[PDB]
Amino acid sequence: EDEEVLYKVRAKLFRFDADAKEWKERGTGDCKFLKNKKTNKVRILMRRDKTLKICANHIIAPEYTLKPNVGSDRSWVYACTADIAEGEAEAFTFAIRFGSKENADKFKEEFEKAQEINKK
Amino acid sequence: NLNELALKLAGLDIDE
Amino acid sequence: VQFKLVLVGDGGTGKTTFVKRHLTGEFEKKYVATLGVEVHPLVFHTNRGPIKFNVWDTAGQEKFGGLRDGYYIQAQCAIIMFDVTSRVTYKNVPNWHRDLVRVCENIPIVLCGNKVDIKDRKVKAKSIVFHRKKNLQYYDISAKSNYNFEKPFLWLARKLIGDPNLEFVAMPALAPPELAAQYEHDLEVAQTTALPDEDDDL
Amino acid sequence: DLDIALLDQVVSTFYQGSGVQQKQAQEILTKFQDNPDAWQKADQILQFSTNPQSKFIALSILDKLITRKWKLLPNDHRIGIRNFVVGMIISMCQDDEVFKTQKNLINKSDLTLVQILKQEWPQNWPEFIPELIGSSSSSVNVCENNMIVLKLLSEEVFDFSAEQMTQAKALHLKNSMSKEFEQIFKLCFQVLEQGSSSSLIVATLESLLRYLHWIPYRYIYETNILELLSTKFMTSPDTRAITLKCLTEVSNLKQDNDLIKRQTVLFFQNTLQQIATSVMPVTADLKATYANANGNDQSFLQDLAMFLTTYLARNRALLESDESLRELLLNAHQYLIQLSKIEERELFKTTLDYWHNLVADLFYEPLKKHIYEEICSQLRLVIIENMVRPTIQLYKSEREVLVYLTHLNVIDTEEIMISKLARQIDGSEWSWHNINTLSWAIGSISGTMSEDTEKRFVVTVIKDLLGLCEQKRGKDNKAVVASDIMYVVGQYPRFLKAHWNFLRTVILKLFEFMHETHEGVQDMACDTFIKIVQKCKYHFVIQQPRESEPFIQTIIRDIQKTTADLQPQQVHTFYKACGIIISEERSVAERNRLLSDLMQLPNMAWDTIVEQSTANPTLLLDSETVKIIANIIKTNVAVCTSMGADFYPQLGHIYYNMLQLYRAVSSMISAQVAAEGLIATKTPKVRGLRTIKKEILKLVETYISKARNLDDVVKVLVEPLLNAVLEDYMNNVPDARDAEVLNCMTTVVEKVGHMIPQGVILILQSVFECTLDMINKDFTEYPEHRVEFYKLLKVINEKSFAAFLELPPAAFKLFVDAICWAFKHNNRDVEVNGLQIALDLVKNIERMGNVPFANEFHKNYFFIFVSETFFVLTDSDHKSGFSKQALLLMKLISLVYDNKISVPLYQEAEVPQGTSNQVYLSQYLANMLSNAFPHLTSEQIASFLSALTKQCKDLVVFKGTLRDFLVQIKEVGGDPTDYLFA
Ligand SMILES: Nc1nc2c(ncn2[C@@H]2O[C@H](COP(=O)(O)OP(=O)(O)NP(=O)(O)O)[C@@H](O)[C@H]2O)c(=O)[nH]1
Ligand SMILES: [Mg+2]
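Chains as they are written, first to last, in the deposited numbering: chain B, 81 to 200; chain D, 5 to 20; chain A, 9 to 186, 193 to 216; chain C, 10 to 263, 266 to 376, 414 to 438, 461 to 1052.
A few of these clues could be false.
Stated by the list, open to error - In silico BS3-like cross-links for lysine-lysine, where the CA-CA straight-line distance does not exceed 30 Å:
hint, chain 1, residue 1, chain 2, residue 2
1, C, 466, A, 127
2, C, 263, A, 134
3, C, 263, A, 142
4, B, 130, C, 1029
5, C, 605, C, 697
6, B, 181, C, 764
7, C, 755, B, 101
8, B, 186, B, 112
9, D, 12, C, 542
10, A, 134, C, 764
11, B, 130, A, 152
12, C, 545, D, 12
13, B, 181, A, 130
14, B, 112, A, 28
These are calculated hints, taken from the structure and not from any lab test.
Whole structure, please, built from the sequences with the hints as guidance.
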């Protein structure tokens, strides 16, 4: 709570199992953009419903690129290099889906607005 | 007959 | 502070899928019959500290039964699982309970009816009564929609710790940290693969 | 041989270890257990080992040897293992350290002894029971463990025998224990009266609980055992829990004698006095006790609720006449009242089932309800405060009880609800949760008061509920109350029907709430609107006094501004609601024009689009145009849903263009599959196109399923539909075929299939062979086509069986393979459709008579069906369909023992001429079972088949013989005389 909530959205997060070519669910819950009041850096923290376990915890790096999935108008895919949700910051290729195309678009703007702030 | 009640509910509102 | 949990039930009811949902958040669509037993460590965070479950996911089918009732030794809590879309899995619940309370004869047990997400429900609510005289706690659960999927563990956690007011709480979030082209290869293959369950609400 | 010390480390790495080390010790401990001759080394582990877990695992290896290969052993192995086990148990009962710290091992040892008794007792062990009772006087530890032996024996013989042993074997054991019980009961009663070891007393009671599941009644009522359970053993918390379960089982036992009645009153009297003085008084708040969860309080409170309800539901009448028993009766019910306030839902369902039993009796039986006036008065508040949102099943039970209580006394129910409402207005009990539950209660008793009392009650509740909304600030607060008002007014239709001016105001208010952006309000407004329409349809279709037109015309004409800010799914509900009203108009021309006016907006949008899309089109690559089309069709589906046969004029306005749109959408899906591959079927653009096709099919299915003019269905509807959908299905790649096409054809065939024989032939030709190849490589791919495939074959086999006779012989052979393919599914819907099609098929062939087709069918496929049914019956992987398998098998067998198969089932070249089909059937079956189950003896197979065929006209007995066969194939050496059981 040493942060401020830039944006909050309901979403379901996927991780891609390379050695399988299948997507795997990782969590359903509230996805939040948290900007730290001390360092002004913004991050992704997403907790799963009821158990309240973290399934996404990484910095919105300005290097990351949001690209759509072949079979979804309401999803974004991006590669992540340092995620510490289970401990140990490892690289993942993530998909995130929302309830509508309106939210997936609104996510894409706030994700870019947070990417700017992150480098000042 | 009860138009006394109908006009109260016609006034039911959620905003303000 | 760890407790051993035996998970028993007929083959296909959802024991293995239910545990994978708590360890990785994954939902497995394929039925790979568990062989003997798979032991997994599961940890929850409560207002009374962390609690760890040594989950002994046992085998439903008899051909893969393994040790059978040998897996139950020194268990501290248990989950009996059945299929609300399969009458035969509920008919066998007294068989599973009979083997279980011959080895562990006063441990807290939860009875779970899985797959309430499926419309064509075959075991109606009013018919499920076996838990009443055997002092079992019952929950309608679904590993696919995550309906009541935390209730069985929260109940066992409250009995083994001894506080009826125990609750699950939020992990603290550590601050996140801040020659690669094989990442843009495995990326585009990820774009080529459609996300599963595109019709679901979320 | 065995390095026993190595074993004791394998087992310890398994139970107490972790990681890959435990996973490897796991897979080798299983390999040791399932070695077929590891039982020979159980000799050593049981006597040399220091680890009790190894002695447990070794007793597991013994149990599998005893249950399945006992009678194959040489005799002196059978007595070497017996004498051992008996000796090991005796050995562990004198060591007071092993008897108190190794309970798991002694119980597993007693179970293994009981497995031997099942095989050997009493025919080869007549001394067991008299010997077991002499040993009981030698040691308190042996007396207790012998109670564990007897408890486990009663369990395996009476409680878990029906599935595990043959009817003859179980009957033999039940008779054996019944003849020897007078001896067991003498010892059990002695231990209970002479004390004093608690661990011995509890083990005795836990075995008495098992006996009550059948022992005659004279052992309980004609001894002093009832006063012992109802007094001496209720005082100590060690024996209390199990004693309560025994008195619960006694309240269900096998009753005219006037003295058994006083004993049934007596033990109930003693039990609840002990509860009053030794546990807690009647006024204790059991809600807090249960919430604190101290010790076994929760388990005890659960057992008290089970004991009270069980006894009260059976013997309530024994306490209602005599006035000396009145305080006992109502005190027992006051405990139930206190138990009913415990917040634990599974327990609440237990007591609520009894309350239902009670208040039903008071509502029907005379001169009863005055006894329980104070009980019922409390029960009223208990349920009003725990009303759930309308589990769906728990609400119907809460409503049923509350409705009964309102009939028993309207006036008290009315004031509790008004008092609870006032305490909401003053704010002492105000909560979002508390105002919702109160509304659900006020809504549930609707229609039970008299019409004029209900009138005065509704206005009082609605009036005061309106002031609640005026007084609250904030939308979250006003939205909760506004929703509860609409729920209540929707729950009282009989009041709305008689006061049109008030009804007119509510609807205009729901229309107002539809422009509200707040969460859930629009969903509440639409749900309440259609809920009011179903119950007051008539008042919108007639010209209400002092207005100029039916209110439906007013609703229709400004439908665009009324639904202007709803979501499409909410708009579809609104149109479905108007369709309900329009169907009330029974003048055809007046109904058909209300239909025209209602469909005006979607008909206008439909017309442009067909226009500016035919001529083009490419417009259907537009994401937005596809959405506009789907919602136009969906709106038609909504209105057709509630109008049924009255929808036909609107269907014709769009039918031919809709089928053309269906064709055009079929092309573009095929185009983008060709341009981008199979992954195109997952893309949003193609998924929007498949939605148009699925929604078009749904509209046609919805109409035909409800059509009344069946001549119109055949004449104008079927033939343009078949041309549009069948060929497109047949010539698409399997990953673009819509399984809804099968479902549509099922609805068509089910209603008009008897009138379209050539149409059924063309349905089979286009979908049978190509869908069968989609689903005949595994049991997984295309679960939707799988289910719909066999729903279609089922109805075709029921309604147009001639279609299967016009199949080429190679295709008919594929039909039979698909029916047997369905047998082997574990998927429930596929498997029962499969067995049904087979059963419906042999009856279809039976009613053909003595004709070449019927004869050739029996020559080619009779034994295939006999053997495929025998396979799923005896493989333990399809036990959910045992009933349908047994019945299909019985029809197959009876066909031969009634000489309904005229041809010989064999080839003349393989058996003496003149041999009856019955004799060859017993030979084919005898050979088949011998190759499939080689460990069966020849006498087993002969006696089983002898019993099975002479019983092929008695299903219940037939099933018992199949069940006996399923037990004997799980072991070696079963007695063939078990099939003479009936
Ligand atoms: N619709 C639905 N399917 C479920 C649900 N839970 C599990 N399944 C499905 O049921 C099937 C059985 O999965 P599984 O977890 O292996 O059951 P099991 O009891 O562990 N089998 P076994 O006892 O032989 O090891 C899987 O295909 C799974 O997708 C559920 O909640 N809903
Ligand atoms: Mg499994």
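Hints versus structure:
1. Straight-line distance between C-alpha atoms of residue 466 of chain C and residue 127 of chain A comes to about 19 Å, which keeps the hinted pair within the 30 Å bound.
2. Taking the CA atoms of residue 263 of chain C and residue 134 of chain A, the gap is about 26 Å. The hint holds against a cut of 30 Å.
3. The hinted pair formed by residue 263 of chain C and residue 142 of chain A meets the criterion: a straight-line CA distance of about 23 Å does not exceed 30 Å.
4. The straight-line distance between the Cα atoms of residue 130 of chain B and residue 1029 of chain C is roughly 48 Å, outside the 30 Å bound, and the hint therefore fails.
5. Using a Cα cut-off of 30 Å, the hinted pair residue 605 of chain C and residue 697 of chain C is violated, with the two alpha carbons roughly 33 Å apart.
6. A distance of roughly 22 Å separates the Cα atoms of residue 181 of chain B and residue 764 of chain C; the hinted pair therefore holds under the 30 Å criterion.
7. Using a Cα cut-off of 30 Å, the hinted pair residue 755 of chain C and residue 101 of chain B holds, with the two alpha carbons roughly 23 Å apart.
8. With a C-alpha separation of about 13 Å, the suggested pair residue 186 of chain B and residue 112 of chain B falls inside the 30 Å cut-off, and the hint holds.
9. With a CA separation close to 15 Å, the supplied pair residue 12 of chain D and residue 542 of chain C stays within the 30 Å bound.
10. For the given pair, residue 134 of chain A sits about 36 Å from residue 764 of chain C by alpha-carbon distance, which is inconsistent with the 30 Å threshold.
11. Taking the CA atoms of residue 130 of chain B and residue 152 of chain A, the gap is about 15 Å. The hint holds against a cut of 30 Å.
12. Distance hint between residue 545 of chain C and residue 12 of chain D is fulfilled; the C-alpha atoms sit about 19 Å from each other, no more than 30 Å.
13. Proximity of residue 181 of chain B to residue 130 of chain A is assessed by CA-CA distance (about 37 Å); at most 30 Å being required, the pair is judged violated.
14. A threshold of 30 Å between alpha carbons decides the hint, and for residue 112 of chain B with residue 28 of chain A the separation of about 25 Å falls inside it, so the pair holds.
Hint violations for this structure: numbers 4, 5, 10, 13, all remaining hints satisfied.
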